[PDB]
Structures are given as structure tokens and as C-alpha cells.
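For reference, the chain that follows is the form deposited in one PDB entry, supplied as C-alpha cells.
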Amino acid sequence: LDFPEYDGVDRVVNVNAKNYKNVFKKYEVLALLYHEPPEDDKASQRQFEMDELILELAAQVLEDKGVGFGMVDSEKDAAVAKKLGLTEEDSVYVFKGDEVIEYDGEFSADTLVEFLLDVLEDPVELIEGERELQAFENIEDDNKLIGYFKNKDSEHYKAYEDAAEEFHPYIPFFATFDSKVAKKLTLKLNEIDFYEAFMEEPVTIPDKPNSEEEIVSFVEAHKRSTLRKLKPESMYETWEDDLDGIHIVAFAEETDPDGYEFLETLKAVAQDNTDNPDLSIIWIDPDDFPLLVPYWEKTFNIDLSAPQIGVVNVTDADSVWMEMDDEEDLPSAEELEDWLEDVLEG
């Protein structure tokens, strides 16, 4: 009645020109680890075996749900990788229907399975009644969309659902057919509002009713939020998406009163500067990455039991941190704005 342990059945194989058509046929959803060939030393061999074991456990856990896992060698299987669109080494590409979803997060069985379980869900969630509306409003650490349509047979709803599939499961798409919900949201019929992460005010997609292409192009242009949360499921995607080799990194434990107070200041600063295309802040809650906390404290020379904020230069592997005597020496929004300005324009 406990966590599953690998049962030794070989379910994850190398996916190559000989078998790839049969593997895609065997599984309704197929997730492919695109990897460089392991080096020949024993350490690199062991790590490769341990990585495969992670996939084996996930494949066992999800067998009855139509999910399969495979591995594609970027050298041996280069031709198949190209035909399938596998280009970023160490990414897992998830094939659902007509979509190819890139996973670029923690390589662990639990996080992988949680992601696949999100992939298997439908790309549009409905909102009806006050409690469901409250659930929608509680979402803030993701970009989200909500649109008001006549009903599920509306061509405009179907275009919205088709657009949701492009960003699944990263950007939740919500829909309502309830005119009372739409009024509380100030959504006119066939209007779509995009709520950037951590923002209070939405941006309405122009020129409604909107086609799939109009929604997709809009979401792609607003995909990067001023403030974004580092999450295990997407940690490497976020970290690799630096702006001119610079991240602003804020550490704050949401549940701690001092972390909450600092996070509220951070949100206020992001909201007041949300249209500055050069501002990108990563919020890391230490409680989400316990195994990295000592490493971050050593690397950055900071105490993560208190809120911290700094500028990390990925190009030069260097960083500077705002000097805060303790948890009670937090900057005002204005002081935080000014400190970022001083370090960046410099």
C-alpha cells in the first residue's frame, strides 16, 4: 500500500529507425528522452543506467494509462530524431494527438509522472458558479486565459480549444458559458482575457471573435511574464530563458511571514513595471527545492532562511545580492526598483 518499486520488466527501449513506427503504435501517449550518447567511462555508464531506471519506474506507474517512454540517441538515431523534431538534448518530448510537448524540468520519476498526468488531462477547464470562479481567481503563478462563449458547439470555443492544445499543460485555458460569471469577469461574448502571472489586470485579446491563429500569436507574444516562478516541472526551461545572460533571482518562502511580505513587494514591483520588456524576475521558493538550498547558500553566499534578491550573470557565472541585515531589513518597492536600476545600468 506504498510507493511503487520497479518490478524489473523492461518497458523503456531505445527508439530507432527500426522500431519507432511500432512504438508510436503501441502507446497512446509516448514520451521520448532525447539524449547524447553516454560516455564510455563507468561513471557516465552508471548515470545513464540510473536515468533509464527513472524512466522505467515512470513507465510502470503509467502503463495502464496508455503512456510509454523511450530513449533516442542523438548520434546513433540522428535521422529519426530529426524526422520526429527532437532537437534539444536532455529534453523529453511528449507526443499527444497532433502535439509535441517539450518537457525541460527535473529528471525524477515523481515529477515526470505528475507532468504526464497533467498532459493526459483536457486542455480546457470550464468555469461555472461562484466557487469555480473563485478557484480561477486563486491562480496566480501561471499565465492563464479565460474566454466567454455561447456553448461548447460554438466555432469560437472550438478555435479556443484548438489554441489551448498548443500550450498544454503549461498555460491553462479556462472557458465559461455562464453569462453571470462572464459579467463578474467583465468578459463580453467571445472575448478572451489573458492574465499574466502575478498580475491583477488582464489583457483582452484584440479583434474578437478570435481565430486559433490570433490566440496562438497573442499567447506567444505574452508568454514570458515579468515575474515567473521556478518550478521543478519547468526549472531548466525557465533558467535557460535568460535575458542577455542575466536573471534577477528572488528567494522567498511563501508561507513564512517574512517571505510573504517580501513576495508581496516583488509582485507590486513586477506589476508597476510589467510592460518593461527587459525586466524578468525569477521567484524561487526554497521550500520547493530543498536539495538545492545548501548549494545556493554556498554558491551565492547568502542565508536562505531569510528573503534575498540578486542579479545572476549566467554568462560570467557571477552574481550580486542585495545586502539585508536580516529578515526585517526588507526593501520598499521603491528601494527595490532603485536597487535593480543601480546594479543593471552599471
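Numbering follows the first chain given and starts at 1. In this text, the rigid core denotes the largest set of C-alpha atoms whose superposition between the two forms falls within 1.5 Å. What changes on going to the form deposited in another entry:
- Comparing C-alpha positions between the two forms after a rigid core fit, one residue in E212, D256, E88, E140 moves 2 angstroms or more. It is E88.
- After superposition on the rigid core, the Cα of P37 moves by 2 Å or more between the two forms.
- Positional change of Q271 between the two forms stays under 2 Å at the C-alpha, relative to the superposed core.
- Comparing the forms between the two forms on their rigid core, the Cα displacement of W339 stays under 2 Å.
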Given for the second form:
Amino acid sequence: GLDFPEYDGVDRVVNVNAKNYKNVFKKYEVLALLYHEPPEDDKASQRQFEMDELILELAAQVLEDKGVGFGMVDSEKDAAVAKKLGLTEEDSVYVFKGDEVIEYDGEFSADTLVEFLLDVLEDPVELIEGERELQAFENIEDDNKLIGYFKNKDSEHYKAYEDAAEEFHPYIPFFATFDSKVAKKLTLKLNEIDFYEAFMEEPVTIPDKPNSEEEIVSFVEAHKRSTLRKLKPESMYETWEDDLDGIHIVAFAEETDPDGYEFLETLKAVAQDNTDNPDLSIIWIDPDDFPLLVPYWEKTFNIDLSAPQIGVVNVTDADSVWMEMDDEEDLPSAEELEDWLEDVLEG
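Now show me the form deposited in another entry, since the one above was the form deposited in one PDB entry.
Since only the chain itself is given, any partners or molecules it might have are not part of what comes next.
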């Protein structure tokens, strides 16, 4: 009987150098490049470099038929290539698509890279025509999202919207409709764009329509840090490095768990009630999304991640404090959570 696919060991990751880098770009619709330092001589450093290269090789096999290419650039041997491509972040992945470059800041794993690059392949704007499509849009909550109403694909204002969408692709989905019925239900005027903050129910309309590309981009940059934001593998390092005053409020909640779900609903209520507070950005971590970090978290924070948790983490030393909750009692209310956070953050 034929067996499942397996890693075949055939090398597909290109050693990108001065002589071939121009041809590599022409070959691939989407190109992922690991800009890396030369591996040190010690055995441990060699293993680390070995691990990353094989993760890329596995991703390259999976996406070979999709036209996604993978390459490596040595900061020393290929220093000239790095300069003309803008590769500055040491030991980091850069993703190239047409005229856009993405400095990847997420989990370095085959699963997350493949899912991410598959999303990169998609067009930057999703059209809403059917009712299923509209329902799918309305059910998104863990991403910021935008929806605009335009006359048709040839509208000057749609093209500006599409150009702005490319700047945040694929992290922030941009949706569009040309159908006056859909716009009516969304309460969109022609050329109007609504921004739906993650986990918020009410949108914010971009002012001064019709909107240029620059007006859209600047608005999204100002609103992309949501009051409640989910730690996602594709962007985990960016989220964590985006601390306010050197601390994060961190909430663990397993969405599929009855207690985790209830706690998440309370977190959303807290976020909703403080949405315009710029000094607040709670990170929600679903431990099911990070199975390899659960032991580390339980040891480091001395908590049981089979139950909801909320705490404050100092990003310098990983020192933390976590709210006590009794399993035999009902979970804390939104008022109780805000009260506890005020106590901790005062001192």
C-alpha cells in the first residue's frame, strides 16, 4: 500500500550568491531567503544551523509545486547580495513577492512557514460577493480587518485600497465589495472603509473619504496594536517585542476549553471597556497553539496551563506575577480582572 508523503532528502534550498541571485528572483513567484551569519565551529552552533536549513528544505519540498522558492544568503560570503536586497536583520527570513518585501518575525518552523507562505501567495484583497463570504468576514475576530465599498475594480479608490492592502499582506486581511446590498448591511457609503479592531464589535471608519493609499496605511499603522491581541506563531516575535513600558499583560486561555472560553469572553469584555486606552494591550496566548512551549511556560511562570491564567510579565528578566484563581469558584469577572491589574501595575 502506498504510504503518506515523506521528506525525500533532495536539496531544494538555493545557495544564493552574486552570480545566481538575479535568476532566482525571476524563477519564483514568492521567494523566502534566510539571511544568516556563518555558522561557528562548535558542534552546538553547527546543529542549530543544521536544524534551520532542514526546516527550510522541508518547506521547500511541500511548496515546490506552488512556485515558492527558498534560498540562503551568507552575511560574509554573499555580503554584496545582502546589500542590494536590503537584508539587515541577522539570522532572519525575508519574503519577497513582486514589489513587496516582508521581514518575517514569526516562528521558524515548517508548519508556520508553509501556512504563512500559502497566505502570501493569495491576492491581497478578498472580494465579498456571496452570503457565505459575508458571514466568513463577520466571523473573523482574532485579526484586525478592513472592509471597503467601491464602484468596481476600476475605481481609483479601489486601486488605492488595493495598494494599501499589499503593505500589510497577509497579516491584516483587506476585504472589498462592489455590491450595494452588502454595503447596505455593513452600513458602508461608497468609498467608505471600516476598520474592525480584533475582538471589537464596533468598527471605526477611516475619516475623510475617499482615502488615498497613504491615508489608509497611516490609519492602519495607528490602529493595528489592538487592546486585546492574540499571540500568533506567524508574528509571535513582533508581538512580544512590542511591549509598552517593558511589561506585557499576558492571558492564557484554551479556546476549546469551557473555562478557557468563558475567560476569553471576559478578556474581550475588559478589552471592549478599555478599547481607547492606549496604555493597554493584553496578549492572549492559547497554549494549544504552542505545544512545545507549554512545559517551559509552566516551569518559568509556575502555573498550570490546563486552567486560565492572567499575569504581568517584565520583558527584561521574565519576572512575572500571576493572579490567584480558585478552581472551586467561578472565574473572575471583568471588574475583578481590572481591579487586580490596577493593583499590580500601581506597584
